[PDB]
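Okay, here we've got a single chain as structure tokens, the form deposited without the named molecule, with questions on binding and movement later.
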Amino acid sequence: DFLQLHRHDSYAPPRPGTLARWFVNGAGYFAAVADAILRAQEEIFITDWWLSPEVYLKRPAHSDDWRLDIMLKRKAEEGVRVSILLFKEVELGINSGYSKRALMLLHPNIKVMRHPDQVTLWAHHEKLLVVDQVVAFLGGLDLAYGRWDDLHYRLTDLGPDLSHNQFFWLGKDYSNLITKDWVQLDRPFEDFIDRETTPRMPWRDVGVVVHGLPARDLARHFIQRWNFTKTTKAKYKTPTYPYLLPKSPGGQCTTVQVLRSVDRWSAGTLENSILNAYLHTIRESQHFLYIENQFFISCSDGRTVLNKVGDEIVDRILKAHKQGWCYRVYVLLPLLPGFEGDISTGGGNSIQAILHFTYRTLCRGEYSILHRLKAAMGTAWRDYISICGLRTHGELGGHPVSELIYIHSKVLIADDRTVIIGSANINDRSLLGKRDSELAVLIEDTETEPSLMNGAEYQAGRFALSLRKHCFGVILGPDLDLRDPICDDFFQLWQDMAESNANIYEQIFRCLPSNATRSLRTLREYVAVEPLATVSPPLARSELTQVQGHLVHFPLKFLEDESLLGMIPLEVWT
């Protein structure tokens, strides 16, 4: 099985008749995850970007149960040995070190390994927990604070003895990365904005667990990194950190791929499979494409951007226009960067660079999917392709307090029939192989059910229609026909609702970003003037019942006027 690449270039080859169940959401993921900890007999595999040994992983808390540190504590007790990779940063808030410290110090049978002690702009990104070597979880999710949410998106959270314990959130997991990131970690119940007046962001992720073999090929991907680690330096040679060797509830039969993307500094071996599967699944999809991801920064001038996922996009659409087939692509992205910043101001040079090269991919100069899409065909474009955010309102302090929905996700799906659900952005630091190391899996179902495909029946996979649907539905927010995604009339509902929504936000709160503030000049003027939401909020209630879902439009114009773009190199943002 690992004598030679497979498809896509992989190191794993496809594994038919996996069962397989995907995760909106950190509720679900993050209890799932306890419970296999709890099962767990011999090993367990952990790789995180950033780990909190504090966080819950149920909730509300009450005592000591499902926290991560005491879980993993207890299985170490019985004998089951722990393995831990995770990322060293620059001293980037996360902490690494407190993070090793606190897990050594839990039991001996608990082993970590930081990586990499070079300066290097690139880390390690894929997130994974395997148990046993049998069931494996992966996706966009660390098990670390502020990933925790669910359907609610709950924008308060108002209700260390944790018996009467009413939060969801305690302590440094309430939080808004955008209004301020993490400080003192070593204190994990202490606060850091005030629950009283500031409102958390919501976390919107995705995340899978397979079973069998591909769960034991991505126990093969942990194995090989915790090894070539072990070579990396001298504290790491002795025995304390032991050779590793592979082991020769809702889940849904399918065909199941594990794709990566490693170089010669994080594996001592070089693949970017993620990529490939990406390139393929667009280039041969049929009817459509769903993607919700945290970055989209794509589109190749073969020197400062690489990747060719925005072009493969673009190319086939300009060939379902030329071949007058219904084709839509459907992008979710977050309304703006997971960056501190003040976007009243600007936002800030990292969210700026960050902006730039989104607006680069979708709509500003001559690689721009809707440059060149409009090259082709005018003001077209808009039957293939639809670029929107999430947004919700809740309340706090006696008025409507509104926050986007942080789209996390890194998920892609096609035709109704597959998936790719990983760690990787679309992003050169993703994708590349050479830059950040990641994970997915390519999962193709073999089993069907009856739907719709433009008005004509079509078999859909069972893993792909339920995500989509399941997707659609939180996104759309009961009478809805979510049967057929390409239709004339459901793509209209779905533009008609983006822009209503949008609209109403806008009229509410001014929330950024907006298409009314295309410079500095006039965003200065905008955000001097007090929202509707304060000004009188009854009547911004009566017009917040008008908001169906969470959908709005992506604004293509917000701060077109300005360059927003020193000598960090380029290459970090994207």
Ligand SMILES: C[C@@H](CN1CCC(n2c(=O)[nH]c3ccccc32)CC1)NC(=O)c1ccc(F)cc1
The other form holds:
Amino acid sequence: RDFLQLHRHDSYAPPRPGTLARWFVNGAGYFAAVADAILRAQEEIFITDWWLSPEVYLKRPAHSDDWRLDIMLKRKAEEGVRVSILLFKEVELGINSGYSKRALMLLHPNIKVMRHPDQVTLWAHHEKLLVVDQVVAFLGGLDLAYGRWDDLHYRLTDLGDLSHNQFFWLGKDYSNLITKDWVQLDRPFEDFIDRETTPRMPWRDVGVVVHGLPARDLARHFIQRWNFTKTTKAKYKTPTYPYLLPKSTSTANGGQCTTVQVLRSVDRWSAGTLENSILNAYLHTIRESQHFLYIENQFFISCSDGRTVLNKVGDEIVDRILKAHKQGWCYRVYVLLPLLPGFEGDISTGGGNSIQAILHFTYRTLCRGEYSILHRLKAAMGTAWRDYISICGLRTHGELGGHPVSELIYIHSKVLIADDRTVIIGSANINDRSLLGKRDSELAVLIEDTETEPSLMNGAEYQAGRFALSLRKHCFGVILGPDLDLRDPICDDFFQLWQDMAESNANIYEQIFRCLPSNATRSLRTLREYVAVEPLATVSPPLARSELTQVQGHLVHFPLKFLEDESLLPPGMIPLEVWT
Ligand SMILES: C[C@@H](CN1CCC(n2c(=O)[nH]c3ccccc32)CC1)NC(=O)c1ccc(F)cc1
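For comparison with the form deposited without the named molecule, produce the structure of the form solved in complex with the named molecule.
Below is the whole assembly, all chains and molecules, this chain first.
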């Protein structure tokens, strides 16, 4: 299909039936599959990254220079493969795109990198995509950068000439972004925190690969952004940066048979056109959802008021729940977020300007204010909102220094699942920045199933989508920890079992680690005293390990009353459009 008309959900790309698509949870399998795709490139490699760390390894542990990203791209580039890279140009943030760009272009003359934007702006290029030969395309929330690689283990420690090393995260890759963000990126293989003292912050993300027609659709988005970026500065207008051109479309002859539609967010500054098709697909999929929603997003800033926050994703969830409550349907909404926003800050003393600013708009979407989701549900159903919505986070524990350590599993995913039939994997967070189209540039794909599996829906027979059901059962089985029945996702037996574990796990982590955030600190004056108490994990480690045997999975309830007596807004100069 062509690109003269806008398509479903006002998307530049039409739905591509018969697409072979495969999902990836955590950066382990994603970076490994990316390495396999890079290795078999014959003509072109298209890369967009909000942050690209060149020395990252796509496979672990690192024994050699093989599987290192900048080495692999250098090995394809001089077989004749044209590597075109678009990197977000920061406002020196500390991602240091200048070092990434100069290092990438130093590898081979067949590797060309353009940085955008050059002008001062609050918005960014956020989409993560790698396309090989316009036939294989990777996208999601995973940037080829430090701290993203992780697996089901969610290791908190990395203790054990690359010949005999056994570290999974080398140097700048061993990180805990809340404790301290990156510095000195021109020294990749050196540490910037203490592995013996400070644990890792696990990284949960969801990626996806598509084959065939959607990949050319995604390659056309890159080609549009590329040739448009060629027009943005005099250095890029030279023939040094070649015009990229699409590979005409019916030259299109382990993942599943799907229907995939490519959606994106673009504006005049990011590309030559406007599109908010991710937002459209988000509103529509919520509205047509018949049974449940599984949301796993880094941010959750929604609920329109016309002035501060404009996207109506949260307003679509309240309307969908309020209707299921009036008809008497069985309808669940699972929302999983990182317990803390992703910024450096001392949570022992309140978190900081940036974290509290995000928390303000997080809780405003959830529980605090007239526009919040829960306050509007309680206005129509009272305390029965606990039956329709469940907002949780993740947290795991390990050992370090001879005593148990704990840390939240930073949920960087940007995924939505509806009715075990429809999936949305992309870079778009639930906020105005990623969704409105006018701000950050984003990508997403809508994966609707065609082949179905026998399943259960509230105790009833239900042919569920093969691609979507398998993704949710992977998410549920990991956050819930062998004897569990995960077929039915909306029944009272599972939903009660779900909430019981989210609260019990939340309790145990609070008794043993006294972790933050927590419902036990509703003010800053109370928080000052809560942190002056040493937790049981370090007082009596044998006792702590005893109680930790009762934790099942990583699911912990999201603390709604955490610092609920505080402003959470900064006194400050920064436009509030930055956090919305
Ligand atoms: C852990 C991670 C969290 N961080 C959260 C905000 C996010 N984020 C969006 O989603 N949209 C954004 C738009 C603009 C800027 C940030 C945006 C990025 C991930 N920190 C880094 O990756 C990092 C890298 C280098 C550093 F120096 C410090 C931190």
